[PDB]
Amino acid sequence: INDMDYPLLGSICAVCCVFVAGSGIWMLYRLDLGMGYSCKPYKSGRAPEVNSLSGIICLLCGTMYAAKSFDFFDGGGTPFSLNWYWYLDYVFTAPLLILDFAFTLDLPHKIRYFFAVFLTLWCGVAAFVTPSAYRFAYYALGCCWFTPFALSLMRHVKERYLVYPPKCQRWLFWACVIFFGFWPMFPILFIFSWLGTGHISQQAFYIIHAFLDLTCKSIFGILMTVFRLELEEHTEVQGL
Amino acid sequence: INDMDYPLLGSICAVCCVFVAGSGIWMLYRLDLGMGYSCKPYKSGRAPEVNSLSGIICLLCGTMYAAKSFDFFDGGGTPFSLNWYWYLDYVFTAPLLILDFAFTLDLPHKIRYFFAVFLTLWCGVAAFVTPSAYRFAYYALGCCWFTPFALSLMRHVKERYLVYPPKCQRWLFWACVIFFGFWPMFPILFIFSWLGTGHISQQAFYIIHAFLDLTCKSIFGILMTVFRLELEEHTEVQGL
Amino acid sequence: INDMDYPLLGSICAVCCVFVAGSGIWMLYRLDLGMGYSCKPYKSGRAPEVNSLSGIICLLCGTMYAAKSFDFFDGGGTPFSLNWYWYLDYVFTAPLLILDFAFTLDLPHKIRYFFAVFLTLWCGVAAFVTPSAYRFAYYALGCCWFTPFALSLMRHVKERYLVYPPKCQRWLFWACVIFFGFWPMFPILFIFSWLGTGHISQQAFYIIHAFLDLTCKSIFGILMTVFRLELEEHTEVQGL
Ligand SMILES: CCCCCCCC/C=C/CCCCCCCC(=O)OC[C@H](COP(=O)(O)OCCN)OC(=O)CCCCCCC/C=C/CCCCCCCC
Ligand SMILES: CCCCCCCC/C=C/CCCCCCCC(=O)OC[C@H](COP(=O)(O)OCCN)OC(=O)CCCCCCC/C=C/CCCCCCCC
Ligand SMILES: CCCCCCCC/C=C/CCCCCCCC(=O)OC[C@H](COP(=O)(O)OCCN)OC(=O)CCCCCCC/C=C/CCCCCCCC
Ligand SMILES: CCCCCCCC/C=C\CCCCCCCC(=O)OC[C@H](COP(=O)(O)OCCN)OC(=O)CCCCCCC/C=C/CCCCCCCC
Ligand SMILES: CCCCCCCC/C=C\CCCCCCCC(=O)OC[C@H](COP(=O)(O)OCCN)OC(=O)CCCCCCC/C=C/CCCCCCCC
Ligand SMILES: CCCCCCCC/C=C\CCCCCCCC(=O)OC[C@H](COP(=O)(O)OCCN)OC(=O)CCCCCCC/C=C/CCCCCCCC
Ligand SMILES: CCCCCCCC/C=C\CCCCCCCC(=O)O[C@H](COC(=O)CCCCCCC/C=C/CCCCCCCC)COP(=O)(O)OCCN
Ligand SMILES: CCCCCCCC/C=C\CCCCCCCC(=O)O[C@H](COC(=O)CCCCCCC/C=C/CCCCCCCC)COP(=O)(O)OCCN
Ligand SMILES: CCCCCCCC/C=C\CCCCCCCC(=O)O[C@H](COC(=O)CCCCCCC/C=C/CCCCCCCC)COP(=O)(O)OCCN
Ligand SMILES: CC(C)CCC[C@@H](C)[C@H]1CC[C@H]2[C@@H]3CC=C4C[C@@H](O)CC[C@]4(C)[C@H]3CC[C@]12C
Ligand SMILES: CC(C)CCC[C@@H](C)[C@H]1CC[C@H]2[C@@H]3CC=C4C[C@@H](O)CC[C@]4(C)[C@H]3CC[C@]12C
Ligand SMILES: CC(C)CCC[C@@H](C)[C@H]1CC[C@H]2[C@@H]3CC=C4C[C@@H](O)CC[C@]4(C)[C@H]3CC[C@]12C
Ligand SMILES: CC(C)CCC[C@@H](C)[C@H]1CC[C@H]2[C@@H]3CC=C4C[C@@H](O)CC[C@]4(C)[C@H]3CC[C@]12C
Ligand SMILES: *C\C=C(C)/C=C/C=C(C)/C=C/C1=C(C)CCCC1(C)C
Ligand SMILES: *C\C=C(C)/C=C/C=C(C)/C=C/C1=C(C)CCCC1(C)C
Ligand SMILES: *C\C=C(C)/C=C/C=C(C)/C=C/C1=C(C)CCCC1(C)C
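Protein chains in written order, with the deposited numbering: chain A, 17 to 256; chain A', 17 to 256; chain A'', 17 to 256. A prime marks a further copy of an entry chain.
Chain A on its own, in the form it takes in the complex:
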C-alpha cells in the first residue's frame, strides 16, 4: 500500500547516494596516483583496468540511489523507478562485486562467480514480481544458486587468506565479514519481509537495504581499496 514515508526513504537514499558516490570518487582518485601508500607511480602510467571496478560500482550504486530518491521524492511509482522491480539493479552491481573480488585475490572460476551472482539475483527479480506459491520456488532456485556460490568461495578465500602478510589480512578479514556475513542477509530479509513471514515492514525493508549497500558497495569498496594499497606496497616497493 502506497502509504510509507517516501520523503524519509528518499532522504536516506540521497544521504547514502553522496556517501557511496563520494567514496567511489575517492577510491578512483586514490587509485590513479599510487600503487601503494608511498604513491608509487605506475611504471607504464595507467592503472590496471580491472582495479577501477571497485570505484565504478559505487558510482554505479550512487547513480542508482539518486534515481531511487527521485522515485521516492516524486511519490513512488515512477516510470523509471528502480524500486518497483527489486534486485533489478543488483543484477548490474552485485555480479561486478564478485568480479573485482575474484580479480583482487586472483580467485579462479571468475565467469562461474559472475554467473553465480547474476543468476542468483534474476531469481530474486522473478521472485518479487510473482505473487504466488512459486515465489519461493524462485527463491529456492535462487538459493540453489547462491548456496553453492557462498560455498567454494569460502574455500577459495581460505586457500589464499593464509598467503597474504598480516597487514593485508586485516582488511581481507574485514572484507570477508562484509562478504560472508552480510551478503547472506539479503535472502534472510526476503523470508521475513511482507513477501514471506511478514516481519520486515514494507517501509523498513528499504531502509535496512539502503544501509547494507553502503557496507556491500562503499565500505566493501573502501576495504578492497585499502587492501589493494597494502597488497601492492608489500609486493612492489618492498619485493616481499
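Simulated from the structure, these hints should not be mistaken for laboratory data.
There are no misleading hints in this set.
Note: identical chains are not told apart, hence a pair may lie in one copy or across any two.
Straight line, CA to CA, 27 Å or less: simulated BS3-like cross-link-like pairs of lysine-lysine: (1) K174 <-> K56; (2) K126 <-> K183; (3) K174 <-> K59; (4) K56 <-> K183.
Keeping the supplied structure of chain A fixed, place chains A' and A'' with the ligands upon it in accordance with the hints.
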C-alpha cells in the same frame, strides 16, 4: 488461446531442466580435474576461464527451464514468464554458444560472431511481439543476419576441421550436425508456427523447442566437452 | 500526439539504414584485407578483435534503423518500437563508440569510459519516461555523468594527438569534431525538445537525430577506419 496443456509443457521443461543442468554440472566437474582423459592436472592449477563457458550455458539454460516450468505450473502468464516473449532468453545463451565454439576452435571474428547471433535473436524477439505484416520483416531482418552468419561459419569450420586428428574430428563433426543442422531449424519452425504458415501447433511449438535446446545446449555442450578432452589429450600429454 | 509524418520518418530511417549498414559492411571488408593502404596481410592471419568494433556498431546501428522504420511504417506504437523509449538503443551503441575510440588511441580508463557513457544514457532513458519536475533531475544526473566524461577525454585525446604523424592527425581531428562537437548536441536537443523548452518539434526531433547518428556512427566509423589505415601504414610497413 490459454487452453494448451501447461502441466505437460511444464513437466517437459522440468525433465529437461534436470538433464541440461545435470549435464552442465558434469562438464564443469569434468573440466576442473583433467586437461584430457588422463585427467592431466592444469600446470598452473586453474582451468582456462573460456573453457567453463560450455557448462555455464547449460546451468544458464537449466535455470531458465526451471523458470519456464514455474510459468507453466502456475497456469501461464506469470509476471516473470520467460515464455511470453520468445527467444528472449536465447539472446543470453545462443550468443554464448558461438562464443565458446569460436573459443574452442580459435575461430576468428568472435565479436562479429557474438553480434551476429545477438542481433539475430533480437529480431526474433521483435518478430514475435509484433502481430502485423512487419513480423516477417523482422524475420527477414533476422534472416538477413543469420544467413551471413551461418555462411562463413561453414567456411571457418571447414578450414580447421582438416587440421584436427581423426579422433577429435568425430566429435566436431557431431558438433557441426548439431550446429549447422539444428540451428537452421529455429527459423523453420517460426515460418510454420501459428505466426506464419500455421502448421506447428501453439502447444507443440514449445515441446519441439524444449527438445532442441537439449541438442543445442546440453548435447552440444557434451560434444564440445568431449571434443576438448580429445583435443588436449592429443596435444598436451602426447605433444602431437 | 500521433500526427507526425511517420512515412517520412520511416523513409529517413530506411535511407540512413542502408548508408550506415553499408558503411559498416565496407569497413569490415576493408579491415580483413589490409593493415594499411598497401593491404598488408595480418601476419597471424586474423584482424584484431577490437578493430572490428567500428564496423559492428554501424551494422548494430543499421539493424536498429531498420526496426525504427518498421515502427514508423506501421504507424508507430509497435510492441518492439525502439522509438517509444528514447536513447534505449544508444545504451548499446554509444558505450561501444567510446570503447573502440579508447582502443584505437589506447586511451586509459576504458572501463570508466564505458560506464561514463553507459550511465549517461540510462539517465536519458529515465528522463524521457518520467514526465515530471524530476525529468531534468535525471538530465542533471545524466549531465553530471557526461560533463566529467567529456572532460578528461579532451585531456586524454590532446596528450596523444601530438604523437601521431600529420597524416594521421587529420582524420583524428575530424574524429574529434564528430566526437567533441556533435556528442554534446544530444543534450542540447533534449533541452529544446518538447520535453523542455519546446523548440524542437516532436517530428523534427527524430529527423535531426537520424542525421546525427550517421556522423556519430557511420561517418565516425569511417574516420576511425581511415585513421587506423593511416596509423598502421605509418607504423607497420614503414616502421616509423
Ligand atoms: C538512472 C541510472 C540507472 C543506471 C542503470 C539502469 C539499469 C536498470 C533498468 C531499470 C528499469 C526500470 C523499470 C521500472 C518500471 C516501473 C513501473 C512502475 O513504476 O509501475 C507502477 C506505476 C503505477 O503507479 P501509479 O499509476 O502511481 O499507481 C497509483 C495510482 N495513482 O505504473 C506506471 O507509472 C506506468 C509505467 C510507465 C511505463 C514504464 C516505463 C519503464 C521505463 C522503460 C525504460 C527501461 C528499459 C528496460 C529495457 C526493456 C524495455 C522494457
Ligand atoms: C530465473 C532465471 C532467469 C535468468 C535470466 C533472465 C533474463 C531474461 C529476462 C526475462 C524477462 C521476463 C519478462 C516477462 C513478462 C511477462 C508478461 C506477462 O506474462 O504478461 C501476461 C499477463 C496477462 O495474463 P493473465 O492476466 O493471466 O491473462 C489472462 C486473464 N486472466 O500479464 C501479467 O501477468 C502482468 C505482468 C506484470 C508485470 C510484468 C513484470 C515482468 C518482470 C520484470 C522483471 C524483468 C526486468 C526486465 C528489465 C527491463 C524492465 C522492464
Ligand atoms: C531489431 C534489432 C534490435 C537490436 C537490439 C535491441 C535492444 C533494445 C531493446 C528494445 C526494447 C523495445 C521495447 C519497446 C516497447 C514499446 C511499447 C509501445 O510501443 O507502447 C505503446 C503502444 C500503445 O500504442 P497504440 O495502442 O497504438 O495507441 C494508440 C491507440 N490506438 O502500446 C502497445 O502497443 C503495447 C505494447 C505491447 C507490449 C510491449 C512488448 C515489448 C517487446 C518485449 C521484448 C523486449 C524485451 C525487453 C527485456 C525486458 C522484458 C520487458
Ligand atoms: C550520487 C550522484 C551520482 C554519482 C556519480 C555522479 C558523477 C560522478 C563524477 C564522475 C565519475 C567518473 C567519470 C568517468 C569518466 C572519466 C574518466 C576518468 O575519471 O579518468 C580518470 C581521470 C584522471 O586520470 P589520470 O590517470 O590523471 O590521466 C592520465 C592518464 N594516465 O580523471 C580525471 O580526469 C578527473 C575527473 C575529470 C576531470 C574534469 C574536471 C572537471 C569536471 C567537472 C565537474 C562536474 C561535476 C561532477 C562532480 C564530480 C567530478 C569529480
Ligand atoms: C535446473 C535447476 C537450475 C540449474 C542450476 C542450479 C544450481 C547449480 C549448482 C551450482 C552451479 C555452479 C555454482 C557456481 C559458483 C561456484 C564456483 C565453482 O563451481 O567453482 C568450482 C569449484 C571447484 O573448483 P576446483 O578447481 O576444485 O578449486 C580449486 C581452485 N583451482 O566447485 C566446487 O567447489 C564444487 C561446487 C561447490 C562446492 C560446495 C559443496 C556444497 C554445495 C551445496 C549444494 C547445494 C545444492 C546445489 C546442487 C548442486 C551443487 C553441485
Ligand atoms: C540495414 C539492414 C540491417 C544491417 C545489417 C544486415 C546484415 C549485414 C550482413 C552481415 C553482417 C556481418 C555478419 C557477421 C557474421 C559473419 C562473420 C564475418 O563477417 O566474418 C568475416 C568473413 C571474412 O573473413 P576473412 O578474414 O576472409 O576469413 C578468413 C579467416 N581469417 O566474412 C565473410 O565471410 C564475408 C561475409 C559472409 C560470406 C557469405 C557470403 C554469402 C552471404 C549471403 C548474403 C545474405 C544477405 C546479406 C547481405 C550482406 C552480406 C555481406
Ligand atoms: C559502525 C560504524 C560504521 C560507520 C560508517 C563508516 C563511515 C566511513 C569511514 C570509513 C569506513 C571504512 C574504513 C575502512 C578502514 C580504512 C581506514 C584506514 O585506516 O585507512 C588507512 C588509509 O586508507 C584510507 O585513507 C581509507 C580511509 C578513507 C575513507 C574515506 C571515507 C569515505 C569517503 C567519503 C567521502 C565523501 C562522502 C560525502 C559526505 C557524506 C554525506 C552523508 C589504512 O591504513 P591504517 O590502518 O590507518 O594504517 C596507517 C598507516 N598506513
Ligand atoms: C537419439 C537419442 C538421443 C538421446 C539423448 C542423449 C542422452 C545423453 C547421452 C549422451 C549424449 C551425448 C554423448 C556424446 C558422445 C560422448 C559419449 C562418449 O563415449 O564419451 C566418452 C567419454 O566422455 C564422456 O564421458 C561423455 C559422456 C557423458 C555423458 C553424460 C550424460 C549427461 C549428464 C547427465 C547427468 C544428469 C542428468 C539427470 C537425469 C535425467 C533426468 C531426466 C568419449 O570417449 P569414447 O568415444 O567412449 O572413447 C572411449 C575411450 N576414450
Ligand atoms: C557535409 C556533407 C556530408 C555528406 C555525407 C557523407 C557521405 C559519405 C562520404 C564519405 C564521408 C566520410 C569520408 C571521410 C574521409 C575519407 C575519404 C578518403 O579520402 O579516404 C581515403 C581512402 O579511404 C576510403 O576509401 C574512405 C572513403 C570511403 C567511404 C565510402 C562511403 C561509405 C560507404 C557506403 C556504401 C553503401 C551505402 C549505400 C548507398 C546509400 C543509399 C542511401 C583516405 O585517403 P585520402 O585522404 O584520399 O589519400 C589518398 C591517398 N591515401
Ligand atoms: C556476525 C556477522 C557480521 C559475520 C558472521 C560471519 C563471520 C563470523 C565470518 C565471515 C568471514 C569469516 C572469516 C573468513 C576467513 C577466515 C580465514 C580462515 O583461515 C580462518 C577463519 C576466518 C577468519 C573466517 C572466520 C569467520 C568469519 C569472520
Ligand atoms: C540432417 C540434419 C540433421 C543435418 C543436415 C546438415 C548436415 C548434412 C551437415 C551439418 C554439418 C556438415 C559437415 C560440416 C563439416 C564438414 C567438413 C568438410 O571438410 C566436409 C563436409 C562436412 C563433413 C559437412 C558435411 C555436411 C554436414 C554433416
Ligand atoms: C534475406 C535472405 C537471406 C532470405 C532469408 C529470408 C527469407 C527466408 C524470408 C524473407 C520473407 C519471408 C516470407 C515472408 C512472409 C511469409 C508469409 C507467411 O504466412 C509464410 C512464410 C513467408 C512466405 C515467409 C517465408 C520466409 C521468407 C521468404
Ligand atoms: C563547430 C562544431 C561542429 C565543433 C565545435 C568543437 C570544435 C571547435 C572542437 C572539437 C575537437 C577540437 C579539437 C580537439 C583536439 C585538438 C588538439 C589540440 O592539440 C589543439 C586543439 C584541437 C585541434 C581541438 C580544437 C577544437 C576542436 C576542433
Ligand atoms: C549490493 C550487493 C550485493 C552483493 C547484494 C546481494 C544480494 C544477494 C546475493 C541476494 C540473494 C537472493 C537470494 C539468494 C534469493 C532471494 C533473492 C535475493 C536476490 C535476495
Ligand atoms: C539455444 C541455442 C540456439 C543457438 C538457438 C538459436 C536460434 C536461432 C539461431 C534463431 C534464429 C531466428 C531467425 C534467424 C529468424 C526468426 C527468429 C529466430 C530467433 C527463430
Ligand atoms: C549514437 C552515439 C552517440 C554517442 C550518442 C550519444 C548521446 C549522448 C552522449 C547523450 C547524452 C544525454 C545527456 C547527457 C543528458 C540527457 C540525455 C542524453 C542521453 C541526451
